[PDB]
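Novice: All chains, full assembly: derive it from the sequences and hints.
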Amino acid sequence: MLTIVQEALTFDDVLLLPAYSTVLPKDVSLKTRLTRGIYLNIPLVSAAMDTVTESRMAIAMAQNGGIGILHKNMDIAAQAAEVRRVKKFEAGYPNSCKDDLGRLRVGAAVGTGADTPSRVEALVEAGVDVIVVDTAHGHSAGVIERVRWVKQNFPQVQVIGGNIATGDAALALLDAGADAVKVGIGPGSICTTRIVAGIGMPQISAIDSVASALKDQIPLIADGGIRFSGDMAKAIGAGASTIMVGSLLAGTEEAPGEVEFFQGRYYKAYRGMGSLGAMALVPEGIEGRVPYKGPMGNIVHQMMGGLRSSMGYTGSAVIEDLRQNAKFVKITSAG
Amino acid sequence: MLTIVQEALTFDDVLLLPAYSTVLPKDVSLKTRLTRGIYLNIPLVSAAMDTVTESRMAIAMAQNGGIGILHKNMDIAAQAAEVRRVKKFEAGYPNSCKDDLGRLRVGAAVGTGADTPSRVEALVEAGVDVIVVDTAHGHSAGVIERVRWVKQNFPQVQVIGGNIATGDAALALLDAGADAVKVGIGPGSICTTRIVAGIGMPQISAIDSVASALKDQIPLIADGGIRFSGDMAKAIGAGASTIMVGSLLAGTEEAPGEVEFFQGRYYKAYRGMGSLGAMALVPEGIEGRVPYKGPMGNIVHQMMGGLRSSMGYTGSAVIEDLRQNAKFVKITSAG
Amino acid sequence: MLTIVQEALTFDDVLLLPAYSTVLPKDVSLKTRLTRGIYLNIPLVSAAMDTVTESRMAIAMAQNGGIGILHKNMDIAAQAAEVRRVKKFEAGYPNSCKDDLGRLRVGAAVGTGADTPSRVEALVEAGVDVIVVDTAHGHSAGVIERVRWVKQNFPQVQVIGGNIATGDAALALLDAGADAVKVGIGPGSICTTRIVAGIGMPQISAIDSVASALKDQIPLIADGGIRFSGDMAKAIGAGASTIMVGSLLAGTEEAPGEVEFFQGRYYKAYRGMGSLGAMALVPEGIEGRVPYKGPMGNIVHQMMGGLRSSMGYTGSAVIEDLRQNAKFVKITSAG
Amino acid sequence: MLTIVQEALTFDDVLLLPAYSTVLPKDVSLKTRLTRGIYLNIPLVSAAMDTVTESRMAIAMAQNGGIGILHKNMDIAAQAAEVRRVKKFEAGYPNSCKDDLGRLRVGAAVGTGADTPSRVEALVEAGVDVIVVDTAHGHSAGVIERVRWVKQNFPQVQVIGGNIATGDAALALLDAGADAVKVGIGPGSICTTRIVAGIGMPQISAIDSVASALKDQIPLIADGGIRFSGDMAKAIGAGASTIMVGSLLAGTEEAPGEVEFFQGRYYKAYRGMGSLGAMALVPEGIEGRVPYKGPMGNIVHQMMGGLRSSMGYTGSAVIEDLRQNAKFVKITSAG
Amino acid sequence: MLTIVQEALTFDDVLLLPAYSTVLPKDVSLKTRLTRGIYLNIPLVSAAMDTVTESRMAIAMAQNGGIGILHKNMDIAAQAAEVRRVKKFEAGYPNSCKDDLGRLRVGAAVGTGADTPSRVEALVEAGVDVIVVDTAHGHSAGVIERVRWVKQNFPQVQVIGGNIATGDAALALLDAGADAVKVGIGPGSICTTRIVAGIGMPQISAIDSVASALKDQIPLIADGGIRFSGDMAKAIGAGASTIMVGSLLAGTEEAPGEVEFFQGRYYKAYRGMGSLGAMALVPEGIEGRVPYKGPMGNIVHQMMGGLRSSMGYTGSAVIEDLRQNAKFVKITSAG
Ligand SMILES: C[C@H](Nc1ccc2ncc(CO)cc2c1)C(=O)Nc1ccc(Cl)c(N2CCOCC2)c1
Ligand SMILES: C[C@H](Nc1ccc2ncc(CO)cc2c1)C(=O)Nc1ccc(Cl)c(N2CCOCC2)c1
Ligand SMILES: C[C@H](Nc1ccc2ncc(CO)cc2c1)C(=O)Nc1ccc(Cl)c(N2CCOCC2)c1
Ligand SMILES: C[C@H](Nc1ccc2ncc(CO)cc2c1)C(=O)Nc1ccc(Cl)c(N2CCOCC2)c1
Ligand SMILES: C[C@H](Nc1ccc2ncc(CO)cc2c1)C(=O)Nc1ccc(Cl)c(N2CCOCC2)c1
Ligand SMILES: O=c1[nH]cnc2c1ncn2[C@@H]1O[C@H](COP(=O)(O)O)[C@@H](O)[C@H]1O
Ligand SMILES: O=c1[nH]cnc2c1ncn2[C@@H]1O[C@H](COP(=O)(O)O)[C@@H](O)[C@H]1O
Ligand SMILES: O=c1[nH]cnc2c1ncn2[C@@H]1O[C@H](COP(=O)(O)O)[C@@H](O)[C@H]1O
Ligand SMILES: O=c1[nH]cnc2c1ncn2[C@@H]1O[C@H](COP(=O)(O)O)[C@@H](O)[C@H]1O
Ligand SMILES: O=c1[nH]cnc2c1ncn2[C@@H]1O[C@H](COP(=O)(O)O)[C@@H](O)[C@H]1O
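Residue numbers (the authors' numbering), protein chains in the order written: chain A, 1 to 92, 206 to 393, 413 to 467; chain D, 1 to 92, 206 to 393, 413 to 467; chain C, 1 to 92, 206 to 393, 413 to 467; chain F, 1 to 92, 206 to 393, 413 to 467; chain G, 1 to 92, 206 to 393, 413 to 467.
To be clear, the hints were calculated from the coordinates, so they are not data collected in a lab. Treat the hints with care, as some may be off.
Listed next, the in silico BS3-like pairs over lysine-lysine satisfying Cα-Cα at most 30 Å (straight line) [claimed, not checked]:
1) C:462 - D:462
2) D:462 - C:459
3) F:462 - G:26
4) D:264 - A:26
5) F:462 - G:87
6) D:459 - C:462
7) F:459 - G:462
8) G:462 - F:328
9) A:462 - D:328
10) D:328 - A:459
11) A:211 - A:31
12) G:459 - F:459
13) D:462 - A:459
14) C:328 - A:462
15) C:264 - D:462
16) G:26 - F:264
17) D:459 - C:459
Cβ-to-Cβ under 7 Å is the rule here; a few derived chain F residues that face chain G [as the list claims (entries may be wrong)]:
18) 1
19) 38
20) 41
21) 253
22) 298
23) 315
Partial list, computed: chain D residues near chain C (C-beta under 7 Å) [said to hold, decoys possible]:
24) 16
25) 342
26) 445
27) 465
Don't be surprised by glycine CBs; every beta carbon is placed ideally from N, CA and C.
Specialist: What follows is the structure, given as structure tokens:
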């Protein structure tokens, strides 16, 4: 007999309801926690992608109150040099996300392969704030044990495990010692996992499954499928503490890559980390072009401003009020 | 755990069912109440928008049996002059909606800002029939107290509060002393609140939630998302006493703005009050062009004719029969 | 509170299930009943529309085993002349649908207006087999009393009442003396009733509601929304005894109207009876062009062959097996 | 051997060149002659079409300084009543085009059929200023003979002959006694003559051929294919004294027909006089809808405004300067 | 150095000019000559294609005043049976094209291959009026020689040679003893000769080149690229005596093939004789579907109707007037 666990929901399936409010959007607090030890000034995290985050994006992310996760599609020395570049950065930004030493915060992605022990050690030595054990399947023994290894061998660094879509996976990573979990199997804009493997979990239900199991022991990063500022609000309302974006920050001035002149117009490359180009396993991501967006600051302010509006509508003065008091309605295909 | 209050319905999710009928559409009464003290001859209200209602539209609305709500995107003196222009209007219209003095009825929108006490006083002095405390979030303390203030300081004028989408919001505005509530968070044709804030309530469920809580103590204006005369029928069947329209009356002769010649065709501007242009908070509305529709009288007659048809099908001799006896079916994406 | 009677289904919402079968499509019987007194050799009826059925179509319909319903958009004498043209027709067709006198069967539509008593009398005198009291709202006192009048004053003729969409309406027409009921409020291809009045009932649920109330006391004609032969099979499986088609027979050689040369291609006019053109109440139908289809015989054979296939799949040797033993599955938007 | 008379040009093939100018657009004179005896204040004439000109359009045309040509698709009495309606019209318009008696000027179309002698007599008696012998082929002996008959029998009325496209045709009508010639075989927006008969003459070359042969003995009306104000200027520069428009004035308030609601948008019918609908010979015109344009006055002012600019660019103080001193360039498909 | 013989023109490059006229379209004569010995009542010939002409089409063609050319994509006995079927046909058509014996006229196509001598003999014995030596290249030695053989061995039959596009080719076929010459290299709707071989001649220039060389010694059939009745007028004006059509008669009831139901609509197959399907050399034709057009008689009457109109415009009382006196204008891409 067929095991249908639930009818799973995505961002477009739901709407947040307005509630009694004494807070104006301009006055809400966007401060949240990335991990149990790291706090951010905005709930935004830039994706660990070779077309989204390198030192330039990580600096801009940290200056705006968030954090950048440096991609792992570079050799250990190149990646350690990128961590140092952010940690040693000095400006000529009051909401800057900084460590105890007043340096800009940064994260770096690691895999589970042979190079991981050397990669983790080089990144910790360079002063990385958080190690992200970055995979397509966080509910594997390789990820769970690598998370345990990072925590036991480098307790001075925060560790994130992903990607997950269920509460069982969250509990496994919590028991291993993760300081946060990254949620998202199938919601990515460049994701073909659903087509290739027939695997996935609609993001609102993934956030819910994970947040319900964790019971706020560790925060969760809602990773993938964010298209509008409304999706960020819905993700936080569903239980997320932070939001990871790829697409929205791709195309910006601070993102890696040069601007290309295609059909008169200006673009930047955007590709999945499991795409043919990025891998050089069957590909699980697509390669494409995104329009040139200019400085990332504008996109970030547009997105945060929409989140402030939502918190104004829901009567959420702080991120934690949205996370605890959000009420939703399920909408149909017509809505 | 995720709080899904209900599966919320919009106009396209439902159809009214035909019932035993002894009334022909030509003989149905379209008389209804705008507020607990103001009655209309047709359940139509023109939107408080700088591209929909100024004195010209308000006069045409009142002559046709409805009412116009003058927009607040003008200074106190300009708005008071517009109220007087409607109140002093004399023709060279048997269904005219008039006050005790035989003058055409008019409404005016007010905000919650510093200018509101002076604005209310100037509008009441000019002879305004109804003050509309017109905001994006009526369930805010600011709107509730402004509603309370208008009622206590100017009992001689009727007051509406909004916009709302829940029964709790309705009860809070009823307790403050509102004479009617305006329903609509997200259904507007030019609305981007759902995209920007991820906030909203499908209109049939919004009307239902509000009407069920009010228990006919005060009427509700179903504001936004009306595209056809069938939506009006469905809105009244769901519990609305009146319907507010922006889109349908935009592009008409009586609406503000000059006709523009674009690619042969004739157009008029139509924009949200929370759009970039209208504000000059992140924008929550779009700016656009609507085709030129000629005299508003033609659109009004087409809309009321369709509503008369629906009342004929449901055996509704008066507006109150449709509100109390309407039976619906939920339809799927295929329907 | 909102009264949602049910989630109503249309043709596209369901699929018939294959069952154990000892019958090949070539051997199935398509014989059914139009009214409790009139039997057809095929469950097909041509619509009472000025672009679908006049004497030419009614002759071709009767020769193929079905029946034509002559439209009422012509004067009493013109309509009576048309009935005679079919009653006096002699060929130079073994499945012909004929009366006791061996003459081809025909029906004629009547309204409820002042001319109805004279129209009914002229049609009965010309040898009409069935009077169809054709309207948009069968559940109106006007139709129930006109149906009762036709039965009491002309018991020698069969009478159909409609259009209806509910069981309550069917019982009212049954008590009035109708020999059959016509089902369809909103499914028509040229119907704008759902848009104009917000009134309607998805056809599978309309057939079901009516058939369940009638308990086979009188047959029902499933009228409107038939696009494919599978829709017919679905309609019969849901409880229909016959199917009425407009658009499928529009554009055929036999249908009224001349062929028009438009952008190389050949077309015929097809319009709703409640469209602007047909009326000359707000219009509830659209006017259009349908491609030239050639002799109607081909369309009829393609449609009947599909129903034979379906009956082969369901193990239905006779029409009554499909009506009694059909099992369905509800499908989603993806299906 | 193939006789190619010339490479013939349409409006889009040419552009007028700017010249030394001392007269501003606001100060130019748009006064011109319709016939050798009739002068207009603007070079605009409304088409003799049942979807363009009846008394309402003819009055509005004359008030704006132009003239209307009443269509012949009505009985002699109906047409004579339309002439009188214009001649007897009194306002509650300084550029009004009036006769010696101060009455608004009007024209009426006639054919070559049996009713023509009675038609001409009734129109002359009704006070028509100009008889237009209105056909698809003015170079036919029938039209030349009817033009001669009107001039010899009714010298007190002005007479126009057409439609023509060559200098030979112009000279034949000039010898027949025509007071003006109407130019246009194939340029019409609803014209299918080029497809049906393979007959036609690109409008700039038609105007040129005719103007060059006439040597200003009688003026020419450039009839058909005017889409913009630029077309008008090019036609006058090529030799036209006036311009006849159908589609530009179709869909205006004053044009015959009611406004129809179709796909939310408002329209009016526009059809060729040789279309199936207008005739009820193979049809040589199409039937369609044009968007509702509102008052004709706006269209007329936009057109004259553009012709004023062209005259300002060419240094044409009067219409005759444009006619005599215009210099063109031939442009390619790329231009 | 590059040899550009001329700038060659197609139908769309030219328009016929109106001229002085004393003839009405209804009174014009459409009588012409197919060959030096065979006269037709209408200048229309149906194409020798397996989707256009078999005995059914050839009978309908001859009854309408034209002639059918039976395709050669059948064995000698099958083709001879088709000739006899037409010759022996007796009706229950005053413009019928008949021989001296009062039998319907017919033509048959032959190739240059081994079976040609036996094929010619069987067709002549069956009473064929004209042998058509049907090829892609009439200027080939094989065709000129087969034409010579048919004339010397069977002087009792008329012989047509083709296809050609130049005057040199016409003179070679005239010296061979051809009674007519078929013109058309590249104009066909299903032709890919221009793409495959880069060979071709725009049809107006092909007709002109051929007619100018022949000096009326033998007539020419303008074969291919006729889309409208205007093309026919242009082809005759350019020097053609008759017109051969494939696409226009494909999809008619009389054309070979069954009607196919595809995406609701009704179609018939239409394919080039040099297409993959027809051959079973690289293919030089495409295979497709054409809409069902109904009886060919309607298409023929609409086509001849438009030709009568053109003759009325050009003052052509007979086909020879249009051939000898036609004057054209070259039009641009804008026209
Ligand atoms: C090609 C694809 N590449 C990518 C790349 C980045 C991705 N990032 C996110 C998501 C979430 O849908 C999928 C992604 C797939 C990828 O990695 N597929 C993939 C498929 C199945 C498993 Cl079990 C694993 N795992 C191996 C054991 O260790 C855990 C991983 C990996
Ligand atoms: C820019 C947008 N502007 C508009 C403009 C017109 C609108 N009209 C209707 C709706 C309903 O969707 C939304 C609209 C948004 C707007 O006003 N957003 C907005 C967002 C959140 C809150 Cl709490 C408030 N409130 C502040 C406290 O006082 C109550 C309001 C207002
Ligand atoms: C314009 C439209 N015209 C049409 C025309 C043909 C139709 N045929 C079928 C259907 C089913 O949707 C609707 C149609 C509407 C039409 O007739 N609307 C209409 C609307 C409401 C009512 Cl109570 C009635 N009734 C009057 C009392 O007597 C019963 C009728 C009729
Ligand atoms: C059906 C078409 N109808 C129309 C109607 C209006 C038109 N108005 C303008 C133009 C210009 O292309 C063509 C039009 C064709 C039309 O009249 N064709 C037409 C074709 C050929 C000729 Cl000899 C004549 N003539 C008959 C003798 O008397 C002179 C006319 C007329
Ligand atoms: C495949 C194509 N088939 C067709 C079929 C029918 C056609 N019918 C007409 C036209 C005119 O463009 C082209 C066609 C090409 C075809 O026959 N091409 C073709 C190409 C070149 C030459 Cl010399 C010959 N010739 C061989 C010597 O004998 C003379 C012919 C034939
Ligand atoms: O190739 C890939 N396949 C599937 N998901 C991917 C791939 N590369 C990155 N992702 C995920 O997609 C996210 C970006 O999603 P987006 O913001 O919707 O564009 C990243 O943070 C990853 O979790
Ligand atoms: O900028 C805006 N954002 C969202 N809703 C708006 C905005 N401006 C006006 N509205 C609402 O939209 C209604 C008009 O909706 P419509 O009739 O669907 O066009 C107004 O009466 C307001 O309630
Ligand atoms: O104007 C109209 N409005 C709505 N329904 C119509 C109208 N005219 C006819 N109908 C219905 O539509 C049916 C034809 O539906 P169809 O087969 O889907 O085209 C007719 O038999 C009538 O019941
Ligand atoms: O049926 C028709 N066929 C061709 N030309 C027509 C027909 N009816 C009117 N016309 C011409 O088209 C002109 C209008 O052209 P338009 O301004 O381009 O729409 C009229 O003044 C007539 O000269
Ligand atoms: O395969 C082919 N290639 C090129 N021309 C063809 C082919 N088959 C037939 N034709 C020609 O195309 C003509 C039909 O042209 P149509 O009337 O434009 O469709 C025939 O009479 C042949 O001369």
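Novice: Which of the stated hints cannot be reconciled with the structure, identified by number in ascending sequence?
Specialist: Of the numbered hints given earlier, those the structure breaks are 3, 5, 14, 15, 19 and 20, listed in rising order.
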